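Residues per chain are reported as follows:
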Amino acid sequence: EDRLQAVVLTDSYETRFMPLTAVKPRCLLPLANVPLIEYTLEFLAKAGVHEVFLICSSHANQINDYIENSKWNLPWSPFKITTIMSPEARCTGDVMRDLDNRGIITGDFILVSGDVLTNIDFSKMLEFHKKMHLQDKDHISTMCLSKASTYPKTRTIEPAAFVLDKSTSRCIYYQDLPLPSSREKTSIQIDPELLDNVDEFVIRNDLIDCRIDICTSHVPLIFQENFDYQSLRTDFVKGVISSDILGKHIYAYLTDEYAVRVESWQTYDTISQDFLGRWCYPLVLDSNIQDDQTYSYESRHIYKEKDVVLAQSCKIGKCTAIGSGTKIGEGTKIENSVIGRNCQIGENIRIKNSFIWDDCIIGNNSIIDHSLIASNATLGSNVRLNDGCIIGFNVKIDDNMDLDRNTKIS
Amino acid sequence: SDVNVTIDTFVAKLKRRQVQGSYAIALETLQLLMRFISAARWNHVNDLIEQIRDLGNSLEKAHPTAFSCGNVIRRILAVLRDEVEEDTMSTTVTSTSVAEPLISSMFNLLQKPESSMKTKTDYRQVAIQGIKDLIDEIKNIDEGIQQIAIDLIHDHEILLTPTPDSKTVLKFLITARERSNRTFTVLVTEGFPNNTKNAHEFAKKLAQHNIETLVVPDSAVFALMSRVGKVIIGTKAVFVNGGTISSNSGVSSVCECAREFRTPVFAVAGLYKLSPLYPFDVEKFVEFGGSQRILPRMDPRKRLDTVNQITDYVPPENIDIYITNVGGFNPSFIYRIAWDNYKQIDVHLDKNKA
Amino acid sequence: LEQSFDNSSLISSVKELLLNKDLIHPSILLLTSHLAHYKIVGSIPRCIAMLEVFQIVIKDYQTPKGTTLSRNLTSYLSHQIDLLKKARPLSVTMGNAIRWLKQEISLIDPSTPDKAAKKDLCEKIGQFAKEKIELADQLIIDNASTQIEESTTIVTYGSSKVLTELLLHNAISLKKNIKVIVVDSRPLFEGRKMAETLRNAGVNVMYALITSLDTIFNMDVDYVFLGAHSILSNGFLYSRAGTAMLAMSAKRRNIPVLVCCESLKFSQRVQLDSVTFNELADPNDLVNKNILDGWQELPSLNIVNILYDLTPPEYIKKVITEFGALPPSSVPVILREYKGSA
Amino acid sequence: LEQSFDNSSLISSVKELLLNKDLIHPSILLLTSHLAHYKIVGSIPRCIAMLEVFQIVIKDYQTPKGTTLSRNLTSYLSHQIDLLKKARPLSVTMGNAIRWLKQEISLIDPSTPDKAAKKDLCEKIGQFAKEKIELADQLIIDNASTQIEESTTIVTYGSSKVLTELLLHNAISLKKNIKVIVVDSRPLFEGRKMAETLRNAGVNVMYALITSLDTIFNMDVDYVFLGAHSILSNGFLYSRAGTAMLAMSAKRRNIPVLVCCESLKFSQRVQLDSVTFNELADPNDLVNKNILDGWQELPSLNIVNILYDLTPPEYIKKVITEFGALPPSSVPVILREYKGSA
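Protein chains in written order, with PDB author numbering: chain G, 24 to 433; chain F, 16 to 129, 142 to 381; chain D, 247 to 534, 598 to 651; chain C, 247 to 534, 598 to 651.
Chain G on its own, in the form it takes in the complex:
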C-alpha cells in the first residue's frame, strides 16, 4: 500500500525551447517567477512519495546546485531527493532499463515525464489503481488524463486518439494524429481483430496528455526484454496492447478538472494564464509557498510582492504579476503579463501578454506584445517589439531597433 516511490524524467523537450534552454534546462525555467520543478514537486509531495529520481540529461551541475539549495535536502522533506547523472540526450524508455540494471525501484511509482501543473487529488487516484489491482491481475498502469472538452485543435504538438472502454476505461488502442495546418493527412485506422471482446468503447480527442503514469514494478521487468521502445506512448502503449504480450492490459483514468503539462510556448502562455488566473484552485500563486515570496491579491487578478515601486500615473490591467524590488515608471501600461523580480521598467511602455523574467532593465518608450524576455536581457529607448519574440538570456539591445514575428533572437 504505502511507501510510495516516484521518478521524474525531465530533459526530453530541449527541441522545443531552443533559443533558451541551452544555458539552463527546461525544468529550471520560471513559469510564474519560480523555476517549475516544484510545480511537480509540491504536487507529488502532496501525493506522499518517499523518493524521487531526477534524470538530468543536460546541465547536470546546475540541477544539483539548485537541488542542494532547495528545501528538499533538509531533514524533514516528505521525500528524500536523489538525482541520476546522465550522458547527453538519451531517449526515454532506456532510462528504465538502466534503472532495472541498477535495481532500486520496488512497488508503485510515478512515471512523471515532462513538467506538470495540476490540482487533482492523487489520493482518489489510488483507489482507482487498487480497484484495477483487485478486478484485474493482468494490469499494467493507470494514465490520468484531463477532460478539455471545450477545445480540440489547440493542444499543439501531438493530437492523440485515446480510444478506451465505456465501463472500465481500459485503454483500447492509441494512435498519433496530424495537425490542423495539414489538410492532407486524413485517416486513422483501428483494426478490429483485438476489438473482439470489448463490445463497448469510446474514442476521444479531447484528452490532453500529462504523462503522469503510476504502475506496478512488474512492468519495468516487462519493458526489460522488449528493447525496441524509444518513446513512452507512441511506441509503448501501442506496443503493449497490440496483442504483443498476452494477458497485459493497460488502463487510463479521466479526471474532471485542471491537469496540464508543458509542451511549447503556445501551451506555456495558456498554462501561465490559467495558473495566474484563478483557474488552478487550490494550487494558486498568492499562497507564497515556493521561495517564500510576499504576493498579495487585489481584484482584477493583480499579484504584487513587497517593496514594489509602482510609480504615479501607471495603470495595471487584468491578470498580472510583479516581483519584489522592481520599479515601473510614469505612463507605463501593464496587462496580462508576468514581470520578474528586481527589474527596472522605464517610461511609457505598454507591456502586454509578455512574460518578462528577472532583472530586465527595459528602456523608455519601447512597447512589447508577447515578447517574453529572459533573465538579464536589457533593452533600450524606442525598442518596438512585436509578437512571437522569445528574446533569450542576457541579450543586450541597442536603441530604436524593431523586431519581427517569432524573431527568436539570443
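These aren't lab readings, by the way, just hints derived from the structure by calculation.
Wrong hints could be hidden among the right ones.
Unchecked claim - When the alpha-carbon atoms are kept at most 30 Å apart in a straight line, the in silico BS3-like pairs for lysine-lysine are as follows:
(1) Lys257(F) - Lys69(G)
(2) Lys153(G) - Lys231(F)
(3) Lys439(D) - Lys224(F)
(4) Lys147(G) - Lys311(F)
(5) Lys648(C) - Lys370(F)
(6) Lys370(F) - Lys147(G)
(7) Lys350(G) - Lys425(D)
(8) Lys338(G) - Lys311(F)
(9) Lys257(F) - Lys497(C)
(10) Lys598(D) - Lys198(F)
(11) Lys497(D) - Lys257(F)
(12) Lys194(F) - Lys103(G)
(13) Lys375(G) - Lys329(F)
(14) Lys231(F) - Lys147(G)
Guided by the hints, dock chains F, D and C onto chain G, whose structure is given.
Below, chains F, D and C without anything else, positioned relative to chain G:
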C-alpha cells in the same frame, strides 16, 4: 529535536487546506503548542516568550487568512505574560502588589523612570493548564449562547441565516426547539458555489428536527427581506471594530439589505474567534478563491475573466449585537474583551521590530 | 405556513392539456414547450417570439364555414393565448402587444376576401415589431450612447434585452473604450448569454456572480445599467430577481443606476411590496444521488425561488426611453401622454 | 394570536394570597396594596418605599426559638419579597437593593444579641439610602446644572424621579430662567404630579400630551431630559412607555437628549427588541355605561398596554451619572468598574 519537524508539518498542513474552518485549526494549533511547550528549553521566561513568539510569527506568515491559528497563540502569550507582573510586584518588598485588574492604558507608560518565589518550572505547568482550560473553553462555547440568546429572540418571528456552515448556529437553532418550545422558521440562502453543498445539508439537519424551514436562493432574498424580522450570522473571526470575517459568502450584501430595512442583525461567535488586530486594508483579510466552479466551461481562447469570493466582510455599522459565551456586547464594545484577553505587545507579533 | 407565500396562485403548475376542442397550432406548441421547459428568453425575446408565431398562426388562417373573419379570430387567438398562459405567466410585452392586436382585429371590416387580410395584419404586425420594438430600441441606442464616456465600466445584470446592442454599439461601432461587468444568478444563468456574445464580439467582459457583489463595486466602477421587465405606475422597477440588491448597493456606493426601457413596457397596474404579485418558478431547478433529493416526503422543508422583485424608485437615477430621459417618479406622464397614443 | 404577545407570562395576574404560612408584615401588605392598586410611584420612589418598609420589617424582628438571626432572615425577607412579586414586577432599583441587602445579611456573624442588629442593619440601610440614592442624586444635580444655560426650555416625560429636584434647583436655587414642558400619557397621568409640584414652586410649566407631540418641538426647544427605569448593558434605555417616540422625534429634529440616571440603576441583562421583556398592566384602565364594556365576551377584541419600551442608543446624546457624563455605548465600563465596587 522531534519538535521542529512537527511545527513545519503543521505549517504544511495549514498551507494546502487540509484543515479549514475555525474550530479545527484552533484545536490543531493548540495541540501543536502543547507539543512545543512540552519540549522547550528557555532558562528564563523572557526567552520563552520569544521561543513561543517566533513560532507564532512563522505560522501567521505561513497563512494569514485563517485567524483561529493566530489568536490562540496570542491569547496564551497574554496569559503567560500576565503572571510575570503578578509575581514581580509581590517579590519586591517596598510596594508589594496593587492587585487591581483595570488600569488606565494611556498614562502609566508616560512616567517611566527606567516561599514560592520563583520556582522556575512553574511556567511550564501553568502553560499546560492554560492549554487545558483553553480546550475546556473552546469545546463548550454554545452554552452561553443558548443561555442568553433566547433572552434576545422571541417566538413568532421568521428568521434568515446566510451562514449555514457554522456549528454554533446549528446547535443553537436545534436547542431553541429541543428544550425551549419557541416555534419559528428559518429562511436560508446558499452561497453559490460554496455553501450549496452546505445549505442543503443545513436544511436537512433542520428538517430532521422539523422547524418549518425553507431555502431561498441568493437572488431571491431582497423580495423576502421585507417579510423576515431578523438575520443571524455564524461568523469565523471578528476584529476589534466588530467588523467580522465570515464564512463562504452572501453576508456582505444580505446584511446590507438587513441594515437598509432596519432589520436587526445577530452574530454568534466563540470567544476564541476574536482577534486583537485591525482591518487595515480590508481586501488583504479577504480570501478570494478560484474561478473553476463558477463557470465550468473553462473558456480556452475567448477567455472571459471572472472573480470568485470565499470571504465576505461586514462592517460594524451593519451589525447589531454579538452573542458570545461571556455575554452580549455592542459592536463598539469588542475592543475591551480583546484587551481583557490580549496585550499591547503581541499585535505586532514580529521579532523584526521596524 | 408562517407567511404562506408558497401557496400563491398567480401561477398554476397544471400541465398536459390533451383536449382537442380547438385547432391548436403545432408551432405554438413548440413555442410553449420552448418557453416553459428550458427558458431561453427575457421579455422582448418573448415578445418577438410570440409576435412572430402569431404571424404564422394568422398566415395559416383556415376559416370556418359560416363565420366571418371578424367574428372568430379573437376567440381562436385567445385559445392560442391560453396555452402560453399555462406555460409561463405573461409579461407586459405580452399583454400590451395582445390587447393592441385585438384592437386591430376589431377595426377590420366584413369585406376582406381573406387575401388582403395578410396585407393588413402581417404587414401591420411587422410595422408593430418595427415601430414599437426595433426602431424604438434604435432610439434607445442613439439616446443612451451620449451618456457614456470613454474608458469606463458598465455593470449590467442578467440577460439584457436591448442594451446588449448598446454595449456592442459603444464598443465597436463607436470604438470608445469600455469594460463591461456582467453579473447573473442561480438558476437561469442568462448573463452567460450576454458574456458569450459580447466577448465573441471582442469587448472586455468580466463575468461575476451576485454572491461576490461586494468586490465588483470596490473597483473603479460607475454606470450600472439594468434591463427592465416592466416599469410600474409609481416608479417601481420590475425585472429578474437579484436586480434590486445591486440597485441598492449601487445607490449606496453613490454611483448612478440607469434603466434602458421602452414605452411599450410601461404598465398601468401598481404595487409597492416585492412579494405581492410574482411568479413561482419550478423548485426542482434549485438542486442541480444529488445534494438533496425530495423536499417532498420530508416534513417541514420547502424550496422557493422568485423571478420578479421591485427596486424602489429612490434607487434608479434615470429611466431612459425612446422619447427621452426621465426621473422614475414621472413615469405616469408617459403612461398618459404617449403610451397608446403614439 | 398573530403575534401572541398578550400571552406573555412575565407578569402573573393572580391575586389574594390567603395563606398564613409566614408572618407577613401588615405594613408590607399596605405597601403592596399601595403599589398594585393605584400606582403612585416611579422607580426610585419604589426603591425608597421598599427600603423604608424593609427598615420597619427588620426593626420588628420577632426571631424564632432555635434559629440564629443569620439563618432565618433571608428566607423570611424573600417571602416578604414574594408579595411584591405578586403585586408588581420588580425594578432594577428593587433588585440591586435586595441583592445588596442579602449580601449584607450574609456577612453578619452569629454573635449579635439582637440589639446591635439595629446598629448594623438600620444604620447601614440608611447609609445605603444616603449613599447610593440621595447624595448620588445630589451629585446628579451638581453635575447636570452646569449643562443648562439660562432662558431655555426643557422637555421631560412622565413623572421624573431625580430631575424634579434638578428643575427646582435650576429654577429657584440658581434663579436662571427656564421653561419646563411636561408631557405624559394615558393612563398613568404622572406628568401632572410633576406639573403640580413645579408650578406650585413657581416655574413656567407648560403641560401637554403625547398625541400633540409635534407642536411642542416646533417652538423654541432644546434639552430633552428623560428619567430612566434602567439602562441596559448595550446602551438601550428602559423607562415608562412613550419615552422613545419623543426620543426619536427629538433626535430627528436635531436637539439633544439627556438621561439623568445613577449607578444603582444600570443593569447586567441585555435586549434590543422592545416587546421582549416587558410588563402588561391591567387592561381595565384603558376604558375610563362606559365607552366600551367587556372586551371579554366579545370574540376577536383585545386591549393591550405597555409600561416599558426601549430607546435605541443612537438617540440618547448623553447619559449622566454621579461619576460623570458618558456616551450610552460606554455603559459596560461602569457596569464593570464602578457598580458594586463603589
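Now the hints, each set against the structure:
Straight-line distance between C-alpha atoms of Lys257(F) and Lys69(G) comes to about 44 Å, which puts the hinted pair past the 30 Å bound. With a C-alpha separation of about 34 Å, the suggested pair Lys153(G) and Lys231(F) falls outside the 30 Å cut-off, and the hint is violated. As the CA atoms of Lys439(D) and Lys224(F) are separated by approximately 26 Å, the hinted pair is consistent with the 30 Å bound. Between the alpha carbons of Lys147(G) and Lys311(F) the distance comes to roughly 33 Å, so the proposed pair goes past 30 Å and is violated.
Of the pairs offered as hints, the one joining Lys648(C) and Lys370(F) holds, with about 25 Å between alpha carbons and a cut-off of 30 Å not exceeded. Proposed proximity of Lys370(F) and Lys147(G) is contradicted: the alpha carbons are some 46 Å apart, above 30 Å. Of the supplied pair hints, the one linking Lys350(G) and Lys425(D) holds, its CA atoms being roughly 27 Å apart against a limit of 30 Å. For the suggested pair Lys338(G) and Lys311(F), the alpha carbons sit about 20 Å apart, so the restraint of at most 30 Å is met.
A threshold of 30 Å between alpha carbons decides the hint, and for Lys257(F) with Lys497(C) the separation of about 25 Å falls inside it, so the pair holds. Proximity of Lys598(D) to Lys198(F) is assessed by CA-CA distance (about 27 Å); at most 30 Å being required, the pair is judged to hold. Our distance criterion of 30 Å between C-alpha atoms is met by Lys497(D) and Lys257(F), whose separation comes to about 23 Å. For the proposed pair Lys194(F) and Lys103(G), the alpha carbon gap of about 41 Å is over 30 Å, so the pair is violated.
At roughly 17 Å between alpha-carbon atoms, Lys375(G) and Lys329(F) fall within 30 Å of each other, so this suggested pair holds. For the hint linking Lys231(F) to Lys147(G), the alpha-carbon distance of about 27 Å falls within 30 Å, and the restraint holds.
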